[PDB]
Amino acid sequence: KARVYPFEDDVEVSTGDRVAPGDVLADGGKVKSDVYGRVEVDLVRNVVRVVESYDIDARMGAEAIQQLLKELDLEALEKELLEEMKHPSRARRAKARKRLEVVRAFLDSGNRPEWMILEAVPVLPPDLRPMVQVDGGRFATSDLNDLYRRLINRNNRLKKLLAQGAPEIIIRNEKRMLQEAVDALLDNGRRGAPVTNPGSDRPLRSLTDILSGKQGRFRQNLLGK
Amino acid sequence: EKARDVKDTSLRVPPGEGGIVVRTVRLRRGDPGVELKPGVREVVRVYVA
Amino acid sequence: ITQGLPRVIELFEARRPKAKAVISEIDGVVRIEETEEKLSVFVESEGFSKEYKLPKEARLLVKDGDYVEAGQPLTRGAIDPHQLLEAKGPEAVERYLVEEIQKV
Amino acid sequence: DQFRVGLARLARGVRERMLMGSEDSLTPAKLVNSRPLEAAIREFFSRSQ
Amino acid sequence: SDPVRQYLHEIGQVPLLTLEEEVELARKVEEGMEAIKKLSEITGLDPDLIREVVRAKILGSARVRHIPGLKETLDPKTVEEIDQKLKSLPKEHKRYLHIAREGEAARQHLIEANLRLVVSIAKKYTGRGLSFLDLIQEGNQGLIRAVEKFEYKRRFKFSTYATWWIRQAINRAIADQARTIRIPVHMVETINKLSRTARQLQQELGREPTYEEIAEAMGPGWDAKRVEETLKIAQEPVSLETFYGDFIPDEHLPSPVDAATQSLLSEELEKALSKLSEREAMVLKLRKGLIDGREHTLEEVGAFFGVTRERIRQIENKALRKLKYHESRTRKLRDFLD
Amino acid sequence: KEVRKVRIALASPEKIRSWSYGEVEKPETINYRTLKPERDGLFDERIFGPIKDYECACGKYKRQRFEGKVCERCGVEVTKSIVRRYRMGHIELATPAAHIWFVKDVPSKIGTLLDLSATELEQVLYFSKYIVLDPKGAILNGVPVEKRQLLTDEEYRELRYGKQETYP
Amino acid sequence: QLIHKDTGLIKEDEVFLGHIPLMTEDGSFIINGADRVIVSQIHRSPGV
Amino acid sequence: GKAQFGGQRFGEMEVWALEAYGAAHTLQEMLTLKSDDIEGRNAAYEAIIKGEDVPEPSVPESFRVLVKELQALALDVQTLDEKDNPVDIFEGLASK
DNA sequence: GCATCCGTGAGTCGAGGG
DNA sequence: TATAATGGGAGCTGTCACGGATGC
RNA sequence: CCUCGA
Ligand SMILES: [Mg+2]
Ligand SMILES: [Zn+2]
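In the order they appear, the protein sequences are chains B, C, X, S, F, Z, U and D.
Start counting the first sequence at 397; every next residue gets the next number (the deposited numbering).
Start counting the second sequence at 780; every next residue gets the next number (the deposited numbering).
Start counting the third sequence at 1252; every next residue gets the next number (the deposited numbering).
Start counting the fourth sequence at 342; every next residue gets the next number (the deposited numbering).
Residues 78 to 319, 328 to 423 (the deposited numbering) make up the fifth sequence, in order.
Start counting the sixth sequence at 3; every next residue gets the next number (the deposited numbering).
Start counting the seventh sequence at 99; every next residue gets the next number (the deposited numbering).
Start counting the eighth sequence at 1023; every next residue gets the next number (the deposited numbering).
None of these hints come from the bench; they were simulated from the model.
Cβ coordinates follow ideal geometry from the N, Cα and C atoms, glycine included.
Among chain B residues calculated to face chain D with C-beta under 8 Å, some are: (1) 514; (2) 518; (3) 520; (4) 521; (5) 524; (6) 582; (7) 603; (8) 606; (9) 607; (10) 613; (11) 615; (12) 617; (13) 618; (14) 619; (15) 620; (16) 621.
Based on the provided sequences and hints, a complete structural model is requested.
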């Protein structure tokens, strides 16, 4: 589904370029674009082909969600939900209250919603995830190091895949693996099958596990010692 | 007095235990029939009745 | 009906009991309406009317033509503390919880 | 049962070896790695409930 | 839900290449790289910067980042300036720009069309320390290398040449990422050769081999001691949460007894130094490095007190002598020598 | 000063980077021979702190006279080793990632703020569907694309790169 | 025995699969020098 | 554990006992000077061998561990004073 | 309004054996 | 560095009570 | 994890 535009002279757009109706294609401005689309310059057929396509910004993942969260103007949304709170329907007032509670929490706290997405992942001090020589001279180490190493390998492979101009599918796969790495680091098992070390069915112990439960930090070392 | 190169890591009787020594086993690297986990030179087991 | 630790836990957690009594939302007089195959109890005020449809084998605490308080039990069983709170108010529920726990 | 599981792993490795490697020269010994079966028996006897 | 199922579906979207489509895309890639070299010849620009600008415009403004090797930061302004310098050339010099653009697009579609082969090869390397998807992505890296290096004129299929690089990348990833304590490639290869040797020896002996048997089977240069040290270096750590770490004391932080013992040692050394003159106590403290943390030379302490190094050495000697006398007398500092 | 309150709040990427003493660029722990920490790895003394009291990694400064001084040769601060319990590091992400607490704790705070359902937020975050930020006047099935629309993969391909087919 | 369907070639060998722990006279085992017991398990029988 | 020359666990319920008795100092002692307040426990042992009364406890080390693990969760946990101005339980050793 | 799937809890202290 | 090779594989499930989203 | 003790 495309539109052909033959050219007799030097062309002003190359392959891949995105273009709108009424743009300069070839012959010094003579033959122009009718339709919205993307340009294939056929040098064999000597025709500038324009395949119908838009310049849509449609993204995936935490990058997209972070943008949509940066965009949010809180006070406006608060006003909208207040206008919603006057609705006769009880369920609409219920949903508006549930949302407005979050909105006003962010408002009064001075927190930015976008911070619920991570750019710089923190890293725990090493002594809290030790690498120690046990009695017999062998080595023993916390699970957090294996989770962090997973994260760093995937992050670095992503950086290199980007620098080397990888196709879309490959970058999508790498970004998905990266999200799941951060997932398993922060709260392993929460989404998807829990990450395990090789040759064992034992879930690695993430930060959430360190904090909560009867064996967690609070009940095991803070409310009792 | 010069500080010695090595220090005392000997195996002592834990608090609240003791008795009569009735057996000693000694395994050494480089000795017949004896191969230990990598890095250990020798193993010594003392039995206390 | 429940005894022991399950009843105490049921009370301290403010759970709606499995076999729960049915209580009157308002005052009024009791008019019993029993078909051979179906049963209902009506609390009739001077200007208002409340209809409670309950399974036929439920035991009534209630004679025909008696004056029942708001939140008074009609059927036997445990009382839903939240229905009691909505009907009769806080002091009543404080009373009910303390006494029901102490029974055990 | 644990023997059966270790054998299943040994057979997965056997097929994985049958796809790789020289198709003309293969013995039973070149095909079979016993280690997973050993592991299954070792875990059943050391760490089973 | 399940990420490998998702990836296999996304891969099953792009259809497989026929001989003609494959050869065409590979040809376009070759001629586009040649066109980039020609654009470097004409423009005097950097071939890598030209390649990055052509690539940038092909993919979109969605991805333009800083490439490590480039001397210039790659941002939409510089790529616009460079693309306008590349659009301002004569028709026969503007031909190579279109060739390069087509080459980039062909390269993209070639990788995407061959992504199933990486899965079919990586499925064989599971259980080696890396997740299925990690093996897949490292194989995709190798596939990218193979696309950039492939030569269609040799008439070989692309699967043949790509398999070599895909295996190379998967194996490099295993050898570089599997161990929590990282080990160099050659050392990993030596360890795996050791393992195969030991396994063959146990298969023929009906028992696990000794260090000496492995060394003999390993050839010259290998003795029992070297087999032992190699296995010792290849030992991998174990989990603290097996918990297993709750039996592990802290040798680093000084115990309360040790802290109090050093406290009483400092206090008793000062008690003993007080029985000297302030100058000889100060000479000892400077020579032992107590005052500023380090020990001064005799010339520094002597210039500090304004005296000859022989004199300050004699003052230190007599101070040490009076200390030895007081200590032999009161026997106070004896216990602290262990 | 005496502790009176304890506050807890979300941490901004800038705040996180302010905690950090260095970025962990390599998934390396310690060296297989020296057993010492690797450069730019998870245990590096250049970031987290000295392993021995008042002694840099290479040994050029071994005493408390140097306090706060950063050795120029090995890049290790001369200070107490206790700091390896305290100093944070960080990892800089090629692409941002969602903190799963604010995703999977129902009802999702992120999903509540953006009026996105659990399913939709999952589909965007784990790369099953596109969310549109600007339609640039796109059209799907005759309806113009509205912002925050949920596009499948076929839809996004048909709109962004056009429709086509090949027949044998 | 290894059998190629096409070649018809047949190569057979006695391969060593490792060791199986032996039960002692009294019904116990010795695993890594320590005597151990395998406890019977009760469970729901297969069936309909 | 007896083999590790271990200490007895003073769990949540023992804490409840001490709270019920109102023995604030006994309990604070259990929580700081006797377990994981490092400066506190060293100073206490030295005080007792010197015949001195025990020094006032300070922050238990596992609370600092909790704070650092919450920072690892990308949550900022601030000890404040009554003027709502931060207090440094790490004594500057974790700030650049 | 009422069924249904998901997540999260379910005593302590010991000892040993690992 | 070149024969060609193109979508995984493990999978037993005897609790229960709570809030909350999801549907009819 | 298990078994054991209160
Ligand atoms: Mg030899
Ligand atoms: Zn140094």
